[PDB]
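Okay, structure first, notes after.
Shown here is a partial selection of chains from the complex, left in place.
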């Protein structure tokens, strides 16, 4: 093991320079199974890694877990092993009424409601996605025929108060986030999730390419509590290889 | 007439939905002359406005002057008159050694070293360009065959201390900005300019499409102070967005 | 030619160490006309410069444009050329009920609602006027007999959201400035403006003397925008010329 957390050596990657990075370890095998020669690499904490082949070239699929801190460990240690391009696939809650459950979202940049991004760049720095990655993700969605939305995502360190949920133990949301959902909605923000700000900032400020795609699992204008994207991200990876 | 600064009516625009927004009033007519049926509309302070036609469709060219404050006035008042798409063309000082004078840069997002962006969105909101605008801009630069870099820009409220210039009256730089250039360079930042953070934040937070393009006029790794394809690029990009 | 934006040399100034700095370029020559031996120096972007003579002493008149960014270029490059004392003349929106259109407002210090002032001093540092410049402006106003108000000014990086104007495209104001005008009013702030915070912070933190004066064109307790007119206020112009005289 060349790294402290992932349990991987540089030789494990077989010259791979691109990684797909889901949140849930459960999803890693399913993503790799859509490519050639899939083999299990390692599994430690919420970091499950698999190696696959796409058009003759080595590809990594590795999970991040929930949150920026966990994400920052996986990205850093993957970068040490040779990864220069990261493609993020996740799940999300829509906050705009016209976006339906089943729709696919591509993130251009993130509202930094996290702490981990500040460990790489000050708040004035933008949490922006790589242009080539974003293009590839939009072209892939277009070829597959998925109903897709491009724009800004709010990336939060919490599931509950930072996304202004009141259905909680305290039923309370601190001053900073009181009335914040209505504010993001007016600013044209598409959705909430919990990892992109960290991923995007840390890659953009360190010479690493990153992209972000996600499937909608809930619409917050209706409820607080609740496939194509998987095909989109692997198709995008083919154009970036 | 309809607006306080620009001196324009909705009728002056004749249906225009897109605007090209340079900084210098003197470049406004030059950009308009590259398109069909160029007509001068008005001229007040920083704001010189022209109407032209591109593929039979009305287009506005309006100057912003230097800085986010005056840019925010032009953008706001054009939006009241019906503009929904804004394209900035400017000039810039590169901070990466591999970028030469005359190269073209396309901004995906800006480092917010301004004050006016905060009047539209809190600091954690990204100063990000619209994707369709950026695509057109990158595809236009490639069609004309320009040497092109795509990435992040540092957008500063000042020409001197905020860009870490020491050849000044005082010769000093405040704590915040001392050592900041080396820091931006290490973070992959391409260039310094003075307007993008304001333009990009106020558009992305109000449902307005915005893109940013600039020609390199100086490189900071050698000196503090010093037809371009940039103008051809912005006009070709505007064509694709109408 | 000695500077990058203003297109001037030290020779153009002919020994000048005081400059009057209006916002609008079209005001430069009109201000210069009230003084002896006026001549046009240069004009680039929003920097229009004229030289005049007051009691046999060389004085510069140079525009700044709208906003602190272009103000900071003008003030810096003028300082490089030899200017050590700056007097700003502008227009303003009053936020107190008793202040009338055409009243003259002299600023002691400014609420830093700008970004450029942070490029010279951290937010703790006061955006304060020079005492000698303020004295000259106050004493000059009394000599003219204008209705004068002295106090704090809020200096915003925007005309619209930062001055809590709602009649806009979005009709929306961000959390920070929502309810802000009522708060400044209660705190005794006289007016809204867009350049003083940058100017005063620049000069005070770099050993330069600065004064700030402006004439009211709208009262924000009744309307956001002044009514349009056709006919072609000047009190503040006389006051700023007379104040310079007392400073030379």
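Chains: A, B and C, in written order; residue numbering restarts at 1 for each.
By our rule, a contact is a pair of C-beta atoms (placed from the backbone, for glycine too) under 8 Å apart; a residue touches a chain by one contact, two chains touch by 3 or more.
**Q** Whole complex: how many copies, 3 being shown?
**A** 6
Here is the rule we use: only the chains that are shown with their structure count from here on.
**Q** If you average the C-alpha positions per chain, which one ends up nearest the average over all of them?
**A** B
**Q** Centre to centre, by mean C-alpha position, how many angstrom separate chain B and chain C?
**A** 26
**Q** When the C-alpha atoms of chain A and chain C are each averaged to a single point, how far apart are the two points in Å?
**A** 49
**Q** Could you work out how far the Cα centre of chain A sits from that of chain B, in whole Å?
**A** 30
**Q** Find every residue in chain B that makes contact with two or more other chains and list them.
**A** 113, 121, 206 - these are the residues of chain B that touch more than one other chain.
**Q** Which positions of chain A touch chain B when the two form their complex?
**A** Residues 108-113, 121, 123-129, 131, 134-135, 138, 150-152, 187-188, 204-207 of chain A touch chain B in their complex.
**Q** Touching residues of chain C toward chain B in the complex: what are they?
**A** Within the complex, chain C touches chain B at residues 4-5, 24-25, 45-46, 65-70, 72-73, 76, 79-80, 113-116, 118-122, 156-162, 168-170, 172, 174-177, 194, 206-207, 225, 228.
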